[PDB]
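Trainee: Spelled out from the first residue to the last, the chains are:
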Amino acid sequence: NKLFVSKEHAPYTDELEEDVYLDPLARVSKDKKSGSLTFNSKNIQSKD
Amino acid sequence: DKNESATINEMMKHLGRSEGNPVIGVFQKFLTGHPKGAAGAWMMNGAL
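Chains B and D are the protein sequences, given in the same order.
Numbering of the first sequence is given in the entry's author numbering, commencing with residue 1695 and proceeding in unit increments.
Numbering of the second sequence is given in the entry's author numbering, commencing with residue 1550 and proceeding in unit increments.
To be clear, the hints were calculated from the coordinates, so they are not data collected in a lab.
Positions of the beta carbon are idealized from the N, C-alpha and C atoms, including for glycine.
Restraint ranges, calculated between C-beta atoms of paired labels, are given here:
{"no.": "1", "chain 1": "D", "residue 1": "1568", "chain 2": "B", "residue 2": "1695", "range": "50 to 58 angstroms"}
{"no.": "2", "chain 1": "B", "residue 1": "1699", "chain 2": "D", "residue 2": "1588", "range": "32 to 40 angstroms"}
{"no.": "3", "chain 1": "B", "residue 1": "1738", "chain 2": "D", "residue 2": "1557", "range": "19 to 27 angstroms"}
{"no.": "4", "chain 1": "D", "residue 1": "1586", "chain 2": "B", "residue 2": "1727", "range": "43 to 51 angstroms"}
{"no.": "5", "chain 1": "D", "residue 1": "1565", "chain 2": "B", "residue 2": "1727", "range": "30 to 38 angstroms"}
{"no.": "6", "chain 1": "B", "residue 1": "1713", "chain 2": "D", "residue 2": "1593", "range": "24 to 32 angstroms"}
{"no.": "7", "chain 1": "D", "residue 1": "1593", "chain 2": "B", "residue 2": "1711", "range": "26 to 34 angstroms"}
To give a feel for the contact side, a few chain D residues facing chain B, derived at Cβ under 10 angstroms:
{"no.": "8", "residue": "1556"}
{"no.": "9", "residue": "1560"}
{"no.": "10", "residue": "1563"}
In isolation and in its complexed conformation, chain B is listed as follows:
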């Protein structure tokens, strides 16, 4: 009984929210620590 699991958190922290909203190339990566998909500051406004 778990096809539905609600998200506790956005993929961005509150600190990075605006930064993610304002970089159209910002994508999400697998957080090594947590295992869930999150936005890393490393990949926001990133030359790569």
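Got chain B sorted already, so can you dock chain D onto it with the hints?
Mentor: Relative to the frame of chain B, chain D by itself:
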């Protein structure tokens, strides 16, 4: 009014709006009050 002020302010800051050139706010609902659905149609009429 705080959320809106903050999001407009950050739109301008990100697109490098000139320091000392703030947008001038009009708050039409001071006069009309808030008609829910129609709220933005009145604001558009005013903008025009």
